[PDB]
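Consider the single chain below, provided in structure tokens and representing the form deposited in one PDB entry.
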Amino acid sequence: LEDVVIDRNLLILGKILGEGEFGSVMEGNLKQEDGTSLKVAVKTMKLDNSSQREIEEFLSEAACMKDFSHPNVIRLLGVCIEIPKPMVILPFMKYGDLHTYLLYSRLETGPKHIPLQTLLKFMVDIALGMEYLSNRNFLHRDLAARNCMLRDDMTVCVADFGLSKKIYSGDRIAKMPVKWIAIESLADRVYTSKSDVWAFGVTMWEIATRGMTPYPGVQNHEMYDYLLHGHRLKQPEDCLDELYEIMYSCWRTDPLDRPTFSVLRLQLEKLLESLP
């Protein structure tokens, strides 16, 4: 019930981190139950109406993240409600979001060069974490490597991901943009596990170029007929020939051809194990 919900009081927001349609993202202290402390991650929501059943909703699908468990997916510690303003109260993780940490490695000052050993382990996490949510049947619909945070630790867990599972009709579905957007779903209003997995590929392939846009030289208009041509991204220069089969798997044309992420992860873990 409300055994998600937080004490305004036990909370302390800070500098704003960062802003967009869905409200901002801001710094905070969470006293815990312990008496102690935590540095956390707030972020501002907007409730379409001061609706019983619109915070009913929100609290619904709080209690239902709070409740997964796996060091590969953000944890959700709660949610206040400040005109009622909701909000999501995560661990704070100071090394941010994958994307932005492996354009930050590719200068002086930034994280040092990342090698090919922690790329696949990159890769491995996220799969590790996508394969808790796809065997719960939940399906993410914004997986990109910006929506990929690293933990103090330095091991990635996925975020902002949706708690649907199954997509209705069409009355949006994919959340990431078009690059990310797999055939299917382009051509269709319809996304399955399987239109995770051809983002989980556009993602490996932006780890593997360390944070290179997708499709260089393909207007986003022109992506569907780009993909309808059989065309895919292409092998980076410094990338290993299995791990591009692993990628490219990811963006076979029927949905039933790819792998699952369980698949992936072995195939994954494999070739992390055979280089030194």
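Between two forms, the rigid core is the largest collection of C-alphas that superpose within 1.5 Å. Numbering follows the first chain given and starts at 1. What changes on going to the form deposited in another entry:
Checking 38, 239, 212, 63 for C-alpha shifts of 2 Å or more between the two forms, after the rigid core is superposed, gives a single hit: 63.
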Contents of the next structure:
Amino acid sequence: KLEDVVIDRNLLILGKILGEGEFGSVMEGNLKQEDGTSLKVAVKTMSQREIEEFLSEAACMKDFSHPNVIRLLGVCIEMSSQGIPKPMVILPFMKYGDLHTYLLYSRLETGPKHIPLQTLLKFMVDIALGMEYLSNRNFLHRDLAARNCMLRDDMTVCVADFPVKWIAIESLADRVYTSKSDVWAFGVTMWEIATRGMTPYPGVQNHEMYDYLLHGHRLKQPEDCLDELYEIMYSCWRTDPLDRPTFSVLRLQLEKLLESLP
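May I ask for the structure of the form deposited in another entry now, the form deposited in one PDB entry having been displayed?
Only one chain is given; partner chains and other molecules are left out.
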């Protein structure tokens, strides 16, 4: 259940805040490894059922191994002074942070260097490689977005999960979720990357989203987005879920597109 994923609270040292809000709090931390060495980590803390659902999320994350899906380093159990459990999820710390902030930063002079096309396409390939993995596992992500993608120390992206505009039209009206709903969100993520941090659908408010989409309107081709990267991303927004490509078809579409450019 939680055996081999639980870490004794003694082995964790919490530091400053990385980000706060209404998905808990994520902070830097030191994790004492059975190696005897210490490791830099991100510890996301946060209610009766929200506790067990929190531990339920580490369930069907405990055993996920792919270079493009975020690793779990463990779960912790902190006892309140009142004795209530306070669950904590432990992740490897990533100095480069989430992809959304990194895309915006690239447009500033003192942030990361200007990201070329080949690198933006590798960003999507990484997400495609990982979501393809998670699709084979028959795991529904349901929150795919640039803000949820983390950058590894080797500048490879990995999928994670800390929002109407990333939700497929079929899931908006009827509260359902298929693998194809995930694929719709992937199309929006490639839009964020190709726009380098733009909020989806400029000009349209959240409450109009279902109707905007019900009238056949889709995200606009980003300026300087090449005319075949847009088809791959537009293919994720077909109205029938069954008519959308699979994560494995998309990945190849991006891989062979990447190695056509110099």
